[PDB]
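There are 2 protein chains.
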Amino acid sequence: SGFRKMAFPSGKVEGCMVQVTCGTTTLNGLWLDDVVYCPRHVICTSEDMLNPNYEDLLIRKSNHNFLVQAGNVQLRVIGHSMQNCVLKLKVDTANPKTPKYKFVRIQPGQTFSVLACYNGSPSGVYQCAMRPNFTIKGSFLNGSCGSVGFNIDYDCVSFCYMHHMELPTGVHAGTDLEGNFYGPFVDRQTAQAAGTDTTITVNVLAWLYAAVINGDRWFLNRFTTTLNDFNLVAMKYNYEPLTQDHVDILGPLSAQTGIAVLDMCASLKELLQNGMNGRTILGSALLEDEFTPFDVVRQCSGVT
Amino acid sequence: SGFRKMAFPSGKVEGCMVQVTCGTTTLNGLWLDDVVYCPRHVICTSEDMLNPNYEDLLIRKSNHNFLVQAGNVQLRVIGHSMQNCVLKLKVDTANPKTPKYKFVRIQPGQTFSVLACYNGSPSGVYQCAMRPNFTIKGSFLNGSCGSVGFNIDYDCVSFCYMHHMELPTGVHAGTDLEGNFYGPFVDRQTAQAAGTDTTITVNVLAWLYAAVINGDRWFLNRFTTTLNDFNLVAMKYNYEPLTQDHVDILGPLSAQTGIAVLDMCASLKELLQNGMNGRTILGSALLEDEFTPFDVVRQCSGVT
Ligand SMILES: O=C(Cc1cccc(Cl)c1)Nc1cncc2cccnc12
Ligand SMILES: O=C(Cc1cccc(Cl)c1)Nc1cncc2cccnc12
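Going line by line, the protein sequences match chains A and B.
If you read the first sequence in my numbering, its first letter stands for residue 1, the second for the next number, and so on.
If you read the second sequence in my numbering, its first letter stands for residue 305, the second for the next number, and so on.
Excised from the complex, chain A in its bound form:
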């Protein structure tokens, strides 16, 4: 019993973190096999970040300018290339601690763990969701660039995010491990619109099922709704429209609790229209959307 914002164990990722320095900028890199991945803005000075021409800036750099240090040991750089917004530094030594891994592009609404790092050293781990507007509400300070987001399935780490930037609004933007930004962001010191965010409906429903499993049931009502009626309410409250694909992935939670997905939608509709009335659900006074249906089943079944 109990329900927490649980992160994946970070050990497999801690073994991949290194410090990358170029000129006077230092950030984090991810060492997998014989390649170190890091944000390409490691080649910029603060003056360059205004409107950087990364191709020209990288031309002035050579392999010996990229200082890569894995804990205490120095790595020898034998190649460098820019792929989208990431630099790939080929090193002469394969990381002996490379776990089984994949590079994945996650969908908005999906969750992942972040291992926040500074100077190649891990500082903390937390769980978060990729917002529908492709930002993340992380906890990151200067020097955290190059920290990564990931998920783990048994022995395989699927890397989905590399941290690059904090918007003027205090939210975070980054790329997949091929250097493609999630969302419309560019790696420049310019104000950039994140765009309208929405609440991840399928995740709120999954968390309501997690509440029922853990004993919080006060919000269950005698009502039902339809996808159409629920979606009129979701529109009004800035929630993502619920589809049959979302109902389908909620199937296991519906079977576990015996509560039909549309009946749980009616509970969600009532909570959106009336609020919580000073009550809480799983220690929260708001509707939580950072747990996917897969996260709820994993946490409520103990997958290792």
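Treat the hints loosely; a few may be bogus.
For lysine to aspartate or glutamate, the following DMTMM-like pairs were computed, each having C-alpha atoms within a straight-line distance of at most 20 Å [what the hints assert, rightly or not]: (1) A:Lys102 <-> A:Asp34; (2) B:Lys404 <-> A:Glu14; (3) B:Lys401 <-> A:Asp155; (4) B:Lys406 <-> B:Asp457; (5) A:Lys137 <-> B:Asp520.
Worth flagging that the hints you see were computed from the coordinates, not collected in a lab.
Chain B with the ligands: place on chain A using the hints.
Quick look at chain B with the ligands alone, frame taken from chain A:
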């Protein structure tokens, strides 16, 4: 910017987890140097848990009855002893992955990370507080016994908690690494009073300072209070009385923000008396007490 319920990176602890089996019960153990620590109830069957005489139950067991497996490799047990509610299994091999460590008894109100494990395998990591009533509001399923709580200072892991039991109320109880229960609990299948819990005032104030640092300032008011006046309000709302020792540990956060501790107490007093009025602070609609002043400074300064 951003503020998350951040856990310590769990890699150093993942390297210590093993599976311990005795008879038909399997739980987790912590392998440090040549000793494996685990809850002593690993020697019980379900029938024994009613009123176990652990001394008699352990007398029927020999070294060869304790099966300890570290991932895939089997450990040879050359000694066993019971210390309070933990068993210490001496093994013939020192754990090569033993980090620098200490065994500490944490105070109520302090925080720590839990590495939830099943069958010696890590499943997730989360941050929590030891409640004033010596329970923890964890996320644990059957088989999670032996999972540990810890803090990390640079390269040293201070182990503070070993999980033992879930109370009928769904909250969790466990011991320090010398096997002493936190709180009045006994390792028996009997209903046990946890006792009145309270909100950790110093931690709510620390989190309010974290909110100001991260830009959430709507709750700041034109008022001040005294320790005596604030404590009348704290009494009414089931908050721990604030002392000068708590004001002293809030000093760094007061210096960072320029907000006197008693002025922040007046903000807390107003939030307790009026509620949040449908507003949020750091993504929460309630007053959070799972961040200590040290946690706030660590997260807002990036200690690795
Ligand atoms: O945003 C930047 C630097 C930057 C500037 C423009 C474009 C790009 Cl790609 C990167 N770095 C940081 C990341 N996360 C959090 C922060 C907190 C404080 C200060 N810097 C932070
Ligand atoms: O509480 C027990 C077993 C037990 C019974 C009596 C005394 C003692 Cl020391 C231990 N184990 C579990 C721990 N945490 C969470 C659980 C969730 C479901 C089922 N068991 C759980």
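Hints, one by one, checked against the model:
1. A:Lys102 <-> A:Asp34: holds, 15 Å
2. B:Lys404 <-> A:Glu14: holds, 17 Å
3. B:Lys401 <-> A:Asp155: holds, 18 Å
4. B:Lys406 <-> B:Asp457: holds, 11 Å
5. A:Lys137 <-> B:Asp520: The hint holds at about 14 Å.
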